[PDB]
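Next up is one chain by itself, shown in structure tokens, the form solved without adenosine-5'-triphosphate (ATP).
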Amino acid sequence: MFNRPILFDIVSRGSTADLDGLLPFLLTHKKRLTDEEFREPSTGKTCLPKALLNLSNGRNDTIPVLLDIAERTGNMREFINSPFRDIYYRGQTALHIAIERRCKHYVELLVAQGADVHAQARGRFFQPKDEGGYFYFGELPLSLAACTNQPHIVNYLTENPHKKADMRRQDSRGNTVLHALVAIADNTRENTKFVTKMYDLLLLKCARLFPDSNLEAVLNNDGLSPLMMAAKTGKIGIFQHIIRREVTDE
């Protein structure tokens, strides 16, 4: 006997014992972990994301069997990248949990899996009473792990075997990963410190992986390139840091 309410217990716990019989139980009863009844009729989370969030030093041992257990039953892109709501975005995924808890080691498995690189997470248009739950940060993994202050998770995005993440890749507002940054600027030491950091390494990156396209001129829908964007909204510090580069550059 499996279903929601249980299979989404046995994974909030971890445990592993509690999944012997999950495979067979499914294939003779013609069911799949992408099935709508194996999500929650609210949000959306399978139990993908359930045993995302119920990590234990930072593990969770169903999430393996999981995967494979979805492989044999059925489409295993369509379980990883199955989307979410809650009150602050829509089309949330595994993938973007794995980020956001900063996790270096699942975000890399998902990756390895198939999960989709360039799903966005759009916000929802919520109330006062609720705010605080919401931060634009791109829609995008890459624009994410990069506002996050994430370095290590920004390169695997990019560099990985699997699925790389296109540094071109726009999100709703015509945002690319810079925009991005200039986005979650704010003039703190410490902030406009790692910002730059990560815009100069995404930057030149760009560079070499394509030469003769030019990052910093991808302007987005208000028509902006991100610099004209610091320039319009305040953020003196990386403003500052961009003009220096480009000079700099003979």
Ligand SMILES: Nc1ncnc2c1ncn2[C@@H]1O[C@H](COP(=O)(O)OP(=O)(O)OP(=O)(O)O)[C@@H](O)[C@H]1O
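Numbering follows the first chain given and starts at 1. Rigid core here is just the name for the largest C-alpha set that superposes within 1.5 Å across the two forms. Compared with the form deposited with adenosine-5'-triphosphate (ATP) bound:
Looking at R85, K164, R168, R173 after a core superposition between the two forms, you find that only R85 has a C-alpha shift of 2 Å or more. Once you line up the core between the two forms, the Cα of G133 ends up 2 Å or more from where it was.
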Given for the second form:
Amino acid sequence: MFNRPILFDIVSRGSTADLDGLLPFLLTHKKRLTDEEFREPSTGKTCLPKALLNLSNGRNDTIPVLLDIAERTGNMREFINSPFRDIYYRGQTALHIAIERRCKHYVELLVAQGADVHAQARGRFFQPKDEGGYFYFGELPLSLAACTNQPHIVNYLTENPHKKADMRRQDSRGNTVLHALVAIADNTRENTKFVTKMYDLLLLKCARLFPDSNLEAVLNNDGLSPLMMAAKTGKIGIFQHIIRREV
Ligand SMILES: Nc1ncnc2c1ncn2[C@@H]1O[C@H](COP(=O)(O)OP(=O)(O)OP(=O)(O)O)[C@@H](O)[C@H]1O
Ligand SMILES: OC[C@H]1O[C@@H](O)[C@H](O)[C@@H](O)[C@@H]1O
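Other form of same protein, the form deposited with adenosine-5'-triphosphate (ATP) bound, not the form solved without adenosine-5'-triphosphate (ATP):
Everything in the complex follows now, all chains and molecules, and the chain you saw is the first one.
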């Protein structure tokens, strides 16, 4: 039979073998993979995130199966965009996890299949450390991809045939991938190296697409541009780099 613990065990193990029977099961009992019986009741977590949080060499073969089953229970978009709903991981989705676990293949698979690319990770865990969080990257898939130094993913997200992430997008703070980048900045060599490269990457991309929407001009909720934000918060490295490319 199939209940939450059995389903989670199977996916946690990456066993596609054991998923045999699931589709007929759900079909005959009128169940879906998004039904409450199949989520962690605290967080609302489905078995999709469960799968992603148990990779093995960044593989969990049950993922493409779970997706196909959701498709076939008429349920795929809802399934993929099912968000954590608890105060701590609120808003997080399968897409966020694919990005953070650094697996481009699942990002592509997820995006191609309809993943909301502007889903905001809003919960405590995603806010700044000083505000009781763990890692702040501006909440959005793109900003996450940028902040964790994954240019290939960043390019995938901004130019793909399915759904492009708008770079002008802002989080709850009105922060932008640029703002996010400075928040990420910590002045150390390798940090400044990538943060800088990335900043340039996005700035040039946003100029070449959308010829006339200057992204540095988008202010945050504190009405700070990314430049001033760096300034105000001691981000020497990134700040100098911004100025360098003036007149
Ligand atoms: N929401 C999350 N986002 C990112 N990482 C997580 C999250 N939840 C758990 N983790 C980490 O990733 C690992 C995988 O989580 P997974 O869902 O497989 O197990 P769990 O439900 O967290 O714990 P258990 O092993 O009791 O089920 C955990 O060991 C935890 O350290
Ligand atoms: O953390 C590894 C290294 O990274 C650099 O970006 C820092 O400036 C160094 O001080 C450090 O040894």
